[PDB]
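For reference, the chain that follows is the form deposited in one PDB entry, supplied as structure tokens.
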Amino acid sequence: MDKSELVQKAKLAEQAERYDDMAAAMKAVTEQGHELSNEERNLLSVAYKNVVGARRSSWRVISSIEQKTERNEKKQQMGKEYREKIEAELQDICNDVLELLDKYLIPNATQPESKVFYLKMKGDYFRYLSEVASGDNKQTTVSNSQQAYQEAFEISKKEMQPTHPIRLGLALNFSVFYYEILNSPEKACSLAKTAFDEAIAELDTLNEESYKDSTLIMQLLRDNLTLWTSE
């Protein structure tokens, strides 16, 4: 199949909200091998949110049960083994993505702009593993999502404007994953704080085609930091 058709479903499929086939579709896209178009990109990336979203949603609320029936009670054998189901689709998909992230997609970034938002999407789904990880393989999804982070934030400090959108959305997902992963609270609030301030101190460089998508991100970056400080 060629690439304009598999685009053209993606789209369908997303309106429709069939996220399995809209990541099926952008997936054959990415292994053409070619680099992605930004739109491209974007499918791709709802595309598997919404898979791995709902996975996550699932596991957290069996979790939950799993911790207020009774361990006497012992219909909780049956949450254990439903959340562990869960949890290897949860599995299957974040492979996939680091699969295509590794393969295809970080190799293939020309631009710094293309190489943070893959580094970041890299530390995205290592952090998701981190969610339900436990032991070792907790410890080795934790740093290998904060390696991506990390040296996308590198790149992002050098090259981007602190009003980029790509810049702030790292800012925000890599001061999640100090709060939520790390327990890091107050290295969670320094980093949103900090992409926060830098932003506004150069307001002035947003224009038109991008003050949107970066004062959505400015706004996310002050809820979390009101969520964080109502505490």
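Positions refer to the first chain, counted from 1. Compared with the form deposited in another entry:
Between rigid parts that reorient between these two forms, a hinge sits in the chain, and the option from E40, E31, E198, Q147 at that spot is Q147.
Would you mind generating the form deposited in another entry now that we have the form deposited in one PDB entry?
Only a single chain is listed, so you will not see partners or other molecules.
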């Protein structure tokens, strides 16, 4: 199948709620090595979000059952083996996405908006790995999330205006990552305050017909600053 056929197959698969098929089609599109259109990039992202989310949901269900069962019944052992099967599937999905990002999408992106999108995607899929990782692997996946988000962050600061919704959204998510995952509330507040203040300083340049694209997110930054400051 050529790219036109694969994209149509992905759209059909989406309509039919066959997201493994959708992901396979968009994986093949990506592997042709060209920058993705906005439509193609959205199909890829939606496909893998659904595939990984189904496995994450199953994993959470089995883990909850495991925690509730009596610790010497075979139901504890069956849950363990089944949870491990789901974990390996989740890891394989994440590794496929991470390989697409590292081999094709990130290096070939020629616009900063695309590059930020793909680096945030990389951070997200390392976070999915973190949720099922154990031992020293876990700290590693966390660090890899941090690094990818940090890279997206730096690009957004250098190539986008402070009121750009993409830059604001990244500052929101990254400061939250510092607060919740790295347990670093001082730095989280510093990041959010910096992004909020920098956009405040440029409010007078926005158009009256579209300023809410920015101020909505600015409000969330300030909201978090308030919450975290009270603790």
